Structures are given as C-alpha cells and as structure tokens.
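Colleague: For reference, the chains in residue letters:
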Amino acid sequence: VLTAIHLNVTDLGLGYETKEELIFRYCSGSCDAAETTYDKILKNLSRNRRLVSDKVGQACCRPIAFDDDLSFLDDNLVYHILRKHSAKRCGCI
Amino acid sequence: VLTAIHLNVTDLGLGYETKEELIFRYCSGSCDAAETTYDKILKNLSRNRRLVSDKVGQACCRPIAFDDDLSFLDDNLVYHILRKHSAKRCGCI
Amino acid sequence: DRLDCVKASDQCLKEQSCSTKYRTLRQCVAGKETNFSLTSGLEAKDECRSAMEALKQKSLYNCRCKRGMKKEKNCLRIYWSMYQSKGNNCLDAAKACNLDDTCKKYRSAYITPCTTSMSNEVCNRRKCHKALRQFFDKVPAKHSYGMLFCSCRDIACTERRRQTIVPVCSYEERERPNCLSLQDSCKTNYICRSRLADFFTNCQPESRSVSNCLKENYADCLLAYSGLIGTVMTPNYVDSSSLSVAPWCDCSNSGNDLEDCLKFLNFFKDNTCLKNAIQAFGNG
Amino acid sequence: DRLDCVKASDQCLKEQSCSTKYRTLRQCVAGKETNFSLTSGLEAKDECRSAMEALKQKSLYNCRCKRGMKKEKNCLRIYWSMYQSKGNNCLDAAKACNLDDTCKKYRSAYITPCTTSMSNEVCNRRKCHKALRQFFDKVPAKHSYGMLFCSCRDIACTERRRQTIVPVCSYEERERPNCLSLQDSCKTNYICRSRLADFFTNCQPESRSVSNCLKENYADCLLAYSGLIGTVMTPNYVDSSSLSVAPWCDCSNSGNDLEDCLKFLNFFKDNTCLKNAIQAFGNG
Amino acid sequence: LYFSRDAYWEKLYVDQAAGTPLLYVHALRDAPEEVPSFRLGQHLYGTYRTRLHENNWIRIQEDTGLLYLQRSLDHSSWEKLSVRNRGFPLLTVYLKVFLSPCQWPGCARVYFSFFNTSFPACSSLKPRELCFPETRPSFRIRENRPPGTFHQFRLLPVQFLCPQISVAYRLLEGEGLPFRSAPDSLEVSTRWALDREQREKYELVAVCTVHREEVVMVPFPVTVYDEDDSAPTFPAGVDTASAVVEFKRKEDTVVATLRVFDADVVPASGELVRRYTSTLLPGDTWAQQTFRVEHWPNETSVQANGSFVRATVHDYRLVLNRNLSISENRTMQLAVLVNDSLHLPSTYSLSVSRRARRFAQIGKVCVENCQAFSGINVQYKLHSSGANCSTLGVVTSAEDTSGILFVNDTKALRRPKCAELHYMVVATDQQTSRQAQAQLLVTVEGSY
Amino acid sequence: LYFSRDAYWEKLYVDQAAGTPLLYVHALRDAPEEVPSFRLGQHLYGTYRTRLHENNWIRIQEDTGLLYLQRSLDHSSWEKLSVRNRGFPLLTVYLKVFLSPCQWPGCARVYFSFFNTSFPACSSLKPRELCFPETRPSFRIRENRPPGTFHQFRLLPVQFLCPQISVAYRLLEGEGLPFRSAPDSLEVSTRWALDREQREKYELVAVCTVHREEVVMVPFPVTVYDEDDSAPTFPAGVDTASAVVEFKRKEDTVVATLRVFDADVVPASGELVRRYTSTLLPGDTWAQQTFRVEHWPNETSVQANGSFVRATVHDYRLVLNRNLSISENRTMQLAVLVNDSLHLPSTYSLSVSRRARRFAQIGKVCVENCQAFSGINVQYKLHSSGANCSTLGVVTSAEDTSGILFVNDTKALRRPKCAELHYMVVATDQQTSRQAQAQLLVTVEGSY
Ligand SMILES: *[C@@H]1O[C@H](CO)[C@@H](O[C@@H]2O[C@H](CO)[C@@H](O)[C@H](O)[C@H]2NC(C)=O)[C@H](O)[C@H]1NC(C)=O
Ligand SMILES: *[C@@H]1O[C@H](CO)[C@@H](O[C@@H]2O[C@H](CO)[C@@H](O)[C@H](O)[C@H]2NC(C)=O)[C@H](O)[C@H]1NC(C)=O
Ligand SMILES: [Ca+2]
Ligand SMILES: [Ca+2]
Ligand SMILES: [Ca+2]
Ligand SMILES: [Ca+2]
Ligand SMILES: [Ca+2]
Ligand SMILES: [Ca+2]
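Just so you know, the sequences run in chain order A, B, C, D, E and F. Positions 119 to 211 (the UniProt record's numbering) are the ones given, in order, by the first sequence. Positions 119 to 211 (the UniProt record's numbering) are the ones given, in order, by the second sequence. Positions 25 to 109, 145 to 343 (the UniProt record's numbering) are the ones given, in order, by the third sequence. Positions 25 to 109, 145 to 343 (the UniProt record's numbering) are the ones given, in order, by the fourth sequence. Positions 29 to 129, 137 to 246, 250 to 379, 402 to 508 (the UniProt record's numbering) are the ones given, in order, by the fifth sequence. Positions 29 to 129, 137 to 246, 250 to 379, 402 to 508 (the UniProt record's numbering) are the ones given, in order, by the sixth sequence.
If you are wondering where the hints come from, they were derived from the structure by calculation, not from laboratory data. We treat Cβ as the ideally placed atom computed from N, Cα and C, and that holds for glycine. Among the hints, erroneous ones may be present.
[Said to hold, decoys possible] DSS-like cross-link-like pairs, simulated, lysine-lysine; straight-line CA separation at most 27 Å: (1) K161(B) - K154(C); (2) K202(B) - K334(D); (3) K154(D) - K206(B); (4) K154(D) - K161(A); (5) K206(B) - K164(D); (6) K56(D) - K202(B); (7) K202(A) - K189(C); (8) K137(B) - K69(D); (9) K197(D) - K202(B); (10) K154(D) - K158(A); (11) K108(E) - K69(D); (12) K158(B) - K173(A); (13) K56(D) - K471(E); (14) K158(B) - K154(C); (15) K161(B) - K206(A); (16) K206(A) - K137(B); (17) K322(C) - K206(A); (18) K322(C) - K236(F); (19) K158(B) - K158(A); (20) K197(C) - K202(A); (21) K161(B) - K164(C); (22) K186(C) - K31(C); (23) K206(A) - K158(B); (24) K202(A) - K158(B).
[As the list claims (entries may be wrong)] Incomplete in silico selection of chain A near chain B, CB under 8 Å: (25) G131; (26) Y134; (27) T136; (28) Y144; (29) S148; (30) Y156; (31) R201; (32) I211.
Turn these sequences into a full structure, and let the hints steer you where they fit.
Modeller: Here it is, written out as structure tokens:
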C-alpha cells in the first residue's frame, strides 16, 4: 500500500535547517506471495534446501513512481529542491 | 551480486516431470546503504521514531534484467518455455 | 499555434483586396509610427480616414495577443498602428503551497531553473522568467498571492518575502539602466508591453484629484503587478523593510527628461493604490 | 548494385529485339527445365539451335553471379537455362543445448511459435518454419546436429528425437499430397528449390554402379538434409523406430508417373548415404 | 510405336574397324499401320549423363534399327571423350535412339561399356560371352497391341570379328505361348496380341549353342504393359435410395455420393481413368438440370444447382464411361427422394427485482430459424444453469413450437445471488439437430 | 520662445455671454527677435485627457495671447461635452495653446473648472475670489534669456461682469530684484536676463487691493530654468603622467583615463553635456593619430589605434568643450610615457620508472609567452604538488629565464605512488603578473 504523513522538512534528517513542511508518501506492507516464475523458483529452491540461501530474498514493496519535486527556502535564505523523495505508486519488484 | 547454479528442471519445483536441465541465476547479498533520498528519509524517519515503522523496508537486491527463454520437452512429449526465470543483471531497487 | 495579430495579417495577405487595403492604411495613416504630438499624417487626415474605413469588412483590424512569443515586438508594431499608445504569514504561505499539488508542482518548476548549484555558476534567466510567468498563470491567486503579498512583523518574514522571485537570478543585473530606456525596451517585446500597460491602467489613482485608488480596484492591481514578474520589467521590493517596489532601473543620465523618469519610477516606488492593495491581501 | 544475370536480362528486356530472341530461346530450348535424361526439346533440336544462335550479338547470354543476394534462385534459374547442370544421447544434446547461450536462445526462439498454448488452437506455420531455418543457420553443427541426428537405444530416445522439429506444427497436415506435385510446389519457391537441389546433390550415391555414398560426402549430406526443415518440403522420421525419413507426401494417384514418384520418395525413405551419415554422427 | 526395351547395351574397344555392326533396336506397334523410323540423338553421353561430344562414330539404319560404326574409334577418339567426362573415369558412353520425328516408350538409351584394349582374341571367348550380353535383356510388350519382332539374339561384333565360331539360338518353355523363335531364326517375335488379364509376366529360357557343341542358357523375361480389356462397375448398382431435404437452396447441396471402380489397373488409364457424368435426369422439370456430379474427383457425389420441391419425382442415370474414345461405358441409376415437409445475438439486459405479471417475454429465435432455414417442423429446447441445470426453470422456452424464450417467476430475480446466466438454444427436426446450438447471455442489471 | 507657465486655469459657467474675456497666456523669448504667434488645438479635452469635441467656443488672439469666448456655452453645449466624457463627471475641460507653427515649453494647457450654474452675483464674491485664481500661479523663466512680460493679474471674467468692483495690484519683496509691476500696471515683467548662479528661485508677494479697501496677499513664486553660464574643469589638470607598455598592439589598449566635470547643472545641457576630444598630439610621428578618446561616454579614456615605440615622446591636449556652438571650452594635457623595454596545452604523458641522465626536458612555454605578448623581460615560476608543494622539486622550471619545464631526479618516478601531477605556470614582469597562470597536467604512464 501507499501511505502518507505530514512532516516538517527537518524531520527528513537530510541536513536542512528550515521551518518549511511537506507531505511524504511511502510504500509499506507485506507483499511476498511469489508472483513471478523467478520468485516461485526461489521459494522452491530454499524449501528443498538446494540454495543454501546466503542473502537471497524475494519481492519487496518498493516505490514504482515518484511525486513532484519539492522546494523550500531555508533559514539562511538558500533554496533547495528534493527530487525522487516521496512515492506516487507502489508495487512488488 | 549475480550468482549462477546448474540445475535439473525438476529442482525448480514448477510442476514439470522431465530430465532436462538449466543454468539458473539469482541476485543475493547485502545492499541497503540507503542510496536515494527516499531511502535516506526512511532510515531517518525510523531512527527519530517518527514512522512507527509497520512494514516499511529499504532497497532490495532484485533482478533488473532477465535471461533468454528456456525450453524443454517433458517425459510426456510436451514442450514448455520458461520466461523471466533467471537474472541477467542485479541492482538495488 | 495562435499567432494572433501576426496570423491575422497573414490571412489578410492571402487575399489581394485585403492586402491592398492594408497598404493604403499604412500609407495614409500615421498609426504610431511618429510621435503622437507630431501625429501628422503622411498625406492628409481625410485620406487616412478613408483608408481606415476601407479596412472594414476585411480580415484586417486585429487585436494583438501576447501569444506571439518570439516576435512580440513585431506583433506590437502591428496592432499599435491601429490601437494607439520563526512563525510568520509568509511561512504559512510556503506551507500551504507545498501541501497543495498544483502549487508545490509549480513552485519547484520555477525554483529549478532560477537557482544555481554552485557559487560562481549563473542561472538561465529566460528559463527562470518563463517558469515565473507559468507560476502566476497556473496557480490560483489564493496560493500565488500569499507568497508574494504576505504581511510581516519581522525581518525573517521580509527576507523570505523578498526572495520569492529568486531576485539574484530574476531581478538583479550587473548594470542598472535608466528607467525610461528600459520602458522603451519593455515596449518592444509583446509580453512586457502588454503587462506594463495593464499595470499602468489597473494601479492608477482614483481619477478624481486624489492620489489614491479604491478598494474595488485592488484585485486588478495585484494581478497586473504580479504579471510583470518574468518580463524585462521584473519588479521586486527594494529593501527588507517596506513595501516599496521597483524594476531594475534608476534615473541616472536622464538628461532633459529627468522629471519623466522619476515620475515613471515613483509609479513603482511610491504607489498608494499598490501599497493599499498589498496591505489589504495579508491584513484584513 | 551489380545484379549480374538478372540485371543483364533487364537490359535485354529494354530492347524489343533482344526480348523476342530470348522468348524464342525459352520456347525452343529445354534449358534445365526438364530432367537432363529427358532433355527433350519442347519443339525440335534444330529449332533450339537456331534460337540459341539467335541470341548472339544481343545483350543476352549472361553469366550469373552470386551478387543477386535475395534472389539467388531466380538468378540461378536463368543462367542455368543456358549453362546446364531416462538417460540417452538425445537427452545429452538437449542438455548441451540449454547450457549454451546461443543454442538455448535459438532453441526457444523456435519452440515459441511452433507450439500452441491450448488443445484446439493452431500454430503459425510460417513463423515456426522461419524460426526453424534460423535455428540450423545460427547454431553450429555441434549442438544443432546432436538434437536431430542422435543415436538411440530405446523409444524414450526416439520419441524425443522425432519431436525436435515439433512435427505437429511443422510437418503434419490434414491431407497428404502426391510427392511429385509437392516437388513442383517446392521448385516454385526460391528457398525450397535451393535446399531441395543441394539435398539431391549431396546425398546421391557414389557415382559408380553402387547405391551407397562415401564418408567424405557425409557432412554435406546432413547439412543439405537439415536445410530442408522449415520449407514446404520439411522432412521427419516416419515412425518411432528407424532412421527412415520422408516429406509430408505419398504416391497415391500418380497416374502414369508412379515409377518416378516412388523413386523420388525412396530417395528420402531408403537413402543409404543419409542413413550412414546420420549413423556416423552419433555412433563413432 | 514403342521400343521393346528402354535400355540396350554392348561393349566397344579401341580401334574397332569402321563397319563393325553393333546391335539392333526394335519398335513394336501401337496401331497396325505404324512403321518406325529410327534416329540417333546428336551427342554421346558419359558418366551421370555428362554431354561428351557430338557423335561422329555411330550411325543407325533408319528403317531396320541396326546400329554400326561409321568410323573407327581409335585411341585419340576415346581421349577426346574421356577428357569431356568431367573428371570421372570413362567407363560407359550412351546414345539416344528416337523411333519417330530420353524415356521409354519413344526413346531408348543404348549404353556401351568402353574397354581400353583391342577386341579380344576369338579363341579367348567363353561360350557365355559368345552367346548373350553380359547382363541378359528383359522386354516390354503392351497388351492388346499388334504382335511383331522384338529381339535379335546374335552378338553382332562377335559374328563380325569371329565369323568361324558358329552360334545358334532357340527358346524353351514357350509351348502354347505367344512367342516364336523359328528354326535357324535369330529373331524373336510375338504371334498374337498379349493380354494382362491372361498373363502379366512371362519368363522363357533362351538357349545358345556354340560350335564340340557347348550350350549356355539364360532367362528370357517379358513384362506385359496394359490394355483397356476391362469395363467399370458401380458397386452401388441401382441406388434406389437418395434423399435431399425439400426445397433446400444452396450453391450445391450434396444429395448423395455414387461411386464406381475399374477392374483394370489403377496405373493403367484403363482402370483408373473413370469419369462420372449424368446421362439423363427424368423428369425434365421443373428445371432440366437440377443436379451435377463431380466427374473427375471420383467423389462423384451429386450436387444440385437448382431447387427441389415436394415429391415431383427424380431419377438419374449415371455413366462411369472411361472416355469418349475407346473406354468401356457402364451405368447405375439413382433416385432422389425429396424429403417432403446471420450475425450473432446480443446479450440481454434484465432488471433485478423485476415485478409484474409472471411471464416476462424476452427474445424470439423461432422467426430467425424458420426464417433462415425455411422450415417450421423444428422443436426448440434450452439448456444450461437457469434452464435444465441448477436453478431449474428460471428461463423456459415454450411447449409451443415458436422459439419464444421467457423469464418465469423465479420470484423476480436477485442480482445478489446470480448476476449472469449463459444458456444454449437447440433446434431439432425429429430427433436430429438441424442447427448448431446458439449461446444466449442474460445479464441481470439496469440501463444498458 | 517658451510659455512662462505650463498650465493656466480659470472657471467657466453656463450661459456666459459670447465676448467674455477669459485670461492671457505669455511666451518669453529664447533669442531677441523671437515673437510668439498663439494658436489653439482643435479639440476640448475632459477627464483623463478624453478628447470631448471640436472647440466651437473659445478663441485666442494670435498676437496677444488673449483667450475669450467667441460663442456662449449654454446648457446644451455643456451636455454635448459631458456626454463625450466617457462616463466621468465633467468637472474640468482644457485646451492646448501652441506658441508657433502638449508639453512645456512650446505648448501650454489651459484648464477651465466647469460650474453648472450662472456666473455668481458680483456682491457675493469675496476679496480672495475677486483678486487671484483659486490656486495661485507659479512661473518659469529661463536664465540668460531676454526679459519680458510674463503675467497679467486681473481676473478677466470678474473685470468684465463686475466692472463696478475696482481691483489693483502690486508686488512686495522685489527690491533690487529683476521684477517690475508698475504703478497702475496689471502686468508683471522681468527687467534683465536671470541667472541661476545668482538665484535659482524667487518668492515675491502679490498684493491685491479691492474697492472700504480690502487687501489679499498671495505668494508669487518664480523658478529659474538654465543657462550655459559655466565652463568645464578637468580635475586632472595636467596629467603629467600616463603609461602604456611599449609597442603593445591591440584593438584599443587603454592608456589612461582623463576626466572632466561641469559646474553647471547636470540636467542642464550646460553642465552635463561635456565631450572629450583630442585637439592635438605632438609629435606627428610616427603615426599622426596614435590615440583616440571616447568623446561621449565621458569615460574619456585614451585608447590607441596605432603602435607605440620606445620613448619617441607623447603629448596630448584634451578639450572638454561642451559643443561647437556656444559651449565653454577648456583643456588639460596628458603625456603618455611609453614603457621602455592561444588554444590550451595538452596533458603530458611520461613513462614510469624512467631512467637515463638526470634532467628530462619536457615542455617549453617561454617561446609561447614571448611569442604572444612580445617580451622577454618576464620571470617564470611553477607551483603545485610536485613543484613548491608536497613532493617538492620533482618538476622545476629554470633559474634561466626561458620557460623550459623539466622533470628532475625524483628517482625516476613511480606510477604506484602518484599517477598524475597538476601544476600552474606563472609569468611576471618585475613583480607583476602579466599573464594568467596556465594549468599543466603531467600523466605518468605509457603509450598515449
Ligand atoms: C513540526 O514541528 C513542530 C515544532 O517542533 C511540531 O509541533 C510540536 O509537536 C509536538 C508533538 O506532537 C506537540 O505536542 C506541540 O504542540 C508542538 N511543540 C510545542 C513546543 O508546542 C509539529 O507537530 C511538527 N509538524 C509536522 C507536520 O510534523
Ligand atoms: C540432477 O539429478 C540427478 C539425479 O537426481 C543428480 O544426480 C545425483 O546427485 C546426487 C547428489 O549430489 C549424487 O550423489 C549422485 O551422483 C546422483 N544420484 C544418484 C542416485 O546417482 C544431479 O546431481 C542433478 N544435476 C543437477 C545439475 O542439478
Ligand atoms: Ca486383359
Ligand atoms: Ca488391362
Ligand atoms: Ca478399363
Ligand atoms: Ca549663472
Ligand atoms: Ca547654468
Ligand atoms: Ca556649461
């Protein structure tokens, strides 16, 4: 799923001193039902012990599309733009 | 990283009765250094407790490109093709 | 796509009759080719009248629209021939803008080209100006005006307000030209001449013998003022203290026309109608 | 750029005299239209001689060059007129193919169009045939021949081998035509006529009075045979037991030419040179 | 006319004298007045039919079929031929022999094995090589064609160069058979027309006596090639019965198939070539030619061009006759007994919780069916989910035969429950399905 | 000629009689023979310069500047004007007045406040309204131009309609000043040319006596507008010193800037307009005009078109003269003391572990520098990492002044250690950097 939270820019912890705010959206939730043939193979290759399975992992709920650019003016009268910072759409990739 | 293992088609656990084989490649390893602004935000939003962090997760080592189609004839003289089954390239997405 | 005045003349050119009528009008009528005081027709007044009338029922007489981007001046030449001649309120605006899809989208669409990544790099002024015009064209008065015309109580607020248009890129220039020459230079371009005239129209005194305007004039003034932003005639607050505004010009070396230059400049720098309209937006 | 024989004929076509002379030669002289043994002129020998001589001093009589890339066959037709003329070994092949980038790629590139997803759907034959020709053209003899010419000891092996070309799609057809008519139909198409002639050339007897070929002929025979796959003349093993092969044809209703049809068919069905060449590839 | 062999063979040596006679060819007749006129092709041919050289050496007597050397073949001649043989050793050279103004029956190939030496000494030749060619000949004789001389036994280069060796020939095992080789004759002839129905193959024994007498015997095989000895029988005989539906229009409705077969050989034109045509159709009316039959395909099934009507009658006579020419005609007859008597449908929308009078009349297929096939003698049924299976009688099509399909009183139908019904509509003569089954779709909600 | 006011004003009422005199305008001279000829624009104008109507009512005496009513303005006249005033109430109407064949100095606007009533009863008028216009006038008089009559005090509609009310005028506070209003005169004149250097502004007192006498006084201001009373001084005076490098070619090398300022007013053409030109250049040689100075920009810095050579000499006289016409000329002089005496470089490749004789001669910038700027009196240095900072003397450029840059004996250089060196090369006259610093790049491996 897609989820939204209203935040100060300083809450983003990106090193900005300012009073400006934003809406930030993120992808969260379980989504590991082994959709593709590749992901079916991984579940099976682990169940029959064949892999050994060091750090192999299946699909993740990640962002597929990103929102508009967000601007702000800091306490020092310098502008900044955040790009690819908030999710628009979510999928298992 | 990309990794390769030589396998029987029955090892894939995809419901095929056959004696044919394949090379199968998969993406595995740690890769969660918070590359993008979005992923920097998530690490920070969790550290300062702001998220609550239900099922939110960062970048995964997934396949970015897939290999050629693989064919085989089963014990019942029926052909099959596997598509998007083995990884060609790996990235954190 | 829609040329406007120029396109219409092209239509006129297509037919022989219309072209001839246009030729006669140009020959007979001064239009705005000469000084108005001179307004001496090339031939005689009667001839100009006939030529003018001759245009009726032709494609010609057109209104000149701004849309002629590159060739504003050419359009303007035509068309004129006929026509004549910290908490704070600026912070609440920045908050409201970002929390809105249209404003956040259009705020950054202009901050992008108006700012520079490194100290001694320089912005593209035309990209910054175009995006500025886009901003006030596409974002409703509500959010667009809150940025520009917000009331303040302290310097953190005023310094923020003055930065709205990214002056370093969009306002300031190495040399400050004379105000009357830049007026000339503004009147060449279709966009500026169009936006400058609405300013002079909308932000003028009551038209009694008082040097103040009315409340019903307020909205039209702020629109006319805001429309100047992104043109050669871009205005900004001159300091971080008052509501006094001005283009990037002064009245040095006005020669014999010093009275007229300061008069033009005080229409920006000491405009009571503008002052009141700005104050009304973010006060009551 | 240089068509060669075809270009020359085009030159001949330009002039009326040359075209007529060419027409007479075609009418009178067998050329290589008929079997050489037959070499019975359409009319009489004397007439053919005159027609042939008639060509002298015309643009015509040309040598056919290779440069006619796409239309080699057409060029060759012209020019020749004048000139003349379970563990198992099939499983190991399927393993070796898939474990190789070129073969795995090209094996599935042909299985894709040659198979159907559902019971009473039907494959695209031309897509399946084209991809088949691609397979034997692009994959080295090593992997391509292992699939088709593998030695077997049991039916699991033979049933696998016979399936290589996806016969259901590429071989079988509702009605089985007469073999001599399909030969005719093969000779119309440039690809089949080219591949059929190499077969007859490469897989022919020793050219002494024995009905067997030599070991040095083996490779050329298998190439010529494999090249038939994906043409109208596509051959496959007729059962799941022997090495006997055949196109999708029979000798029913051959009328007066029954001898010649069975002779054509036994060149597929009882070919000792082919038999030996196939056996040599997967035996010793 | 046809040669009695497709291929002849002899040997040629270096330096054989101009004037050596080689062998005869023979042409038998296809009609009694026919007379062969023999001529050679222009070239000599070598291995795999390589064209070697113009033939400057061998000639044939045009009336008698005698081949002989007009010029000797010396070492240089054999070299000119060898070098043109495309790299193959020169073992055999052949010529074509045409029998009027190369394939059997009208062209024979004469092969000579070349031996790079002189003809052998006479005293060295054994009886077998004095008597017959190295491989014994076999013969082709057409049934039902005029008899005549088809072989000559004497080896001509041996009689010529070894005239002191006497050689004589006779047949064994020809008693009552059509072959004659007369005392002191070197020719063999047939005596009457052959017939494949009596004998397809003969195998006599040829016997040579050389000189002190020594005898050599070899088989003498003759294959009989075909005649229109036989006529065609319609296994059907009288096809008393045939049936076609009444007044059924079509490009070609197939009323019925009649068939015939010929006893003769299939490869022979006699058996195989059979053609079917309708000689007569009584009555003349309404239309003179209501039917046609495919002559050639031998499907020979009657098809009707024109319309039919209630039992007017119908009787056809069919002839199999092989050809207008000399073919044997035969007939059978059939009586046609006339049976006396477009774009797919849109999904139906119905509105949920529907109330009002029980029966809700929805669609009418009957005026489509009878409209297209032109019949009301057809019984309509409906089956699938709401009709005949699960929910039962929600949709019912009519005890009355008019293909009216209606919703009954399933308490007005619930779109929460089932929101779509797919039903199949059937039409059936008297037991038999005349039409394919159509698919009807009824959707359960509002608007459209 | 110029009007002594830019704007005049009076009142007009309904039904004022044809023949009412309104007011005078006045034009003073710019040259002694000038004589005004007054004419009106064609139209009357209303609010925000709306063009109302042709003026059918008011005329002017062309020699004397008397405006008067040729025709009375009745209720219908004021209606015709009101309805053309674009919806604004008609409060004021004006006319233009030109003083030869609308802006000061050559055009004056005459404004009339319209009062929708009859002229008031004479007995109702208070002294202030009998004596002066409602807002007192102020005047414009040019310095250094001929004196003359610039005002008339009597209110003409009041003298006309109320001739029984006597009104007289005088000035106070004009003692020794250039103004005359004579006993019994209603005119005011200047008596001699004015001069802004003596007085820029006057403020006299105008005094009206009505009739029982009552007196009203108002200020009487006069602004002095400008004359070329002043000449220009070169703050530089004699620019004894100027320097240019020897023989330096250029489009225009800037030798030095001389400047001048004018005491007069900047807005006045007198002060501001100053032009710089070089009157003379001795000596004539080599080239007669080695320099030029930008006349107008007032940058007035000398630039040289031609080349220079070792101390030939140089002396220029510069004139600021405002104009050819009546402007005051002045000069200063400067002596030019001549100083007596292209595409970027590729990265250098050097090979690692290099051995062979110490000094490895690599590149030579000196024949570039002296080649471009035409000087060998320049000292070359090198600084950055291997030269002057960290690793020290690995690259050294030469105690000898020829811009040869070489690798020294850093034990032949290690590509494992440092694989690239970036160094800056300097050129400097005698202390001063003549050139910009170039960047040199030395890469440490093989091939290219
Ligand atoms: C942005 O920052 C402000 C100030 O840090 C936040 O306001 C405080 O939030 C706390 C905790 O929820 C509240 O109890 C108080 O009302 C605020 N602090 C004080 C001292 O009054 C605000 O919540 C933040 N806004 C967003 C959108 O993240
Ligand atoms: C494919 O399957 C075969 C048979 O199951 C595998 O061979 C066996 O593997 C085991 C375990 O490694 C070995 O100990 C034996 O040699 C084999 N079994 C027997 C009974 O002999 C083979 O390893 C598989 N191959 C691939 C590539 O996955
Ligand atoms: Ca018979
Ligand atoms: Ca027969
Ligand atoms: Ca027959
Ligand atoms: Ca003075
Ligand atoms: Ca002065
Ligand atoms: Ca001066």
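Colleague: Hint by hint, say whether it matches the structure.
Modeller: Tested hints:
1. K161(B) - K154(C): 24 Å, holds
2. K202(B) - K334(D): Roughly 40 Å between the alpha carbons, so the hint for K202(B) and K334(D) is violated.
3. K154(D) - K206(B): Roughly 20 Å separates the two Cα atoms, so the pair holds.
4. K154(D) - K161(A): The given pair, whose Cα atoms are some 24 Å apart, holds under the 27 Å limit.
5. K206(B) - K164(D): 14 Å, holds
6. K56(D) - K202(B): Distance ~52 Å between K56(D) and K202(B) Cα, so the pair is violated.
7. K202(A) - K189(C): 24 Å, holds
8. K137(B) - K69(D): Violated - the C-alpha atoms of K69(D) and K137(B) are around 65 Å apart, more than 27 Å.
9. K197(D) - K202(B): 23 Å, holds
10. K154(D) - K158(A): Holds, because 23 Å separates the two Cα atoms, which is no more than 27 Å.
11. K108(E) - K69(D): Measuring from Cα to Cα gives roughly 23 Å; hence the hint holds.
12. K158(B) - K173(A): 22 Å, holds
13. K56(D) - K471(E): Answer violated: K56(D) to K471(E) is near 84 Å, above 27 Å.
14. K158(B) - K154(C): 23 Å, holds
15. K161(B) - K206(A): 19 Å, holds
16. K206(A) - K137(B): 46 Å, violated
17. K322(C) - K206(A): Cα-Cα ~53 Å, so violated.
18. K322(C) - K236(F): Holds - the C-alpha atoms of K236(F) and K322(C) are around 22 Å apart, at most 27 Å.
19. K158(B) - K158(A): 31 Å, violated
20. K197(C) - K202(A): 23 Å, holds
21. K161(B) - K164(C): The hint holds at about 26 Å.
22. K186(C) - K31(C): 26 Å, holds
23. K206(A) - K158(B): Since the Cα atoms of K206(A) and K158(B) sit roughly 17 Å apart, the hinted pair holds (cutoff 27 Å).
24. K202(A) - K158(B): 11 Å, holds
25. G131: OK, holds: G131(A) within 8 Å of chain B, min 3 Å.
26. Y134: 12 Å, violated
27. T136: Result: violated, 15 Å to nearest chain B Cβ.
28. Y144: Since the shortest Cβ distance to chain B is 6 Å, the answer is holds.
29. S148: 6 Å, holds
30. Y156: 6 Å, holds
31. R201: 7 Å, holds
32. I211: 6 Å, holds
Consistency with the previously given hints fails for numbers 2, 6, 8, 13, 16, 17, 19, 26, 27, ordered from lowest to highest.
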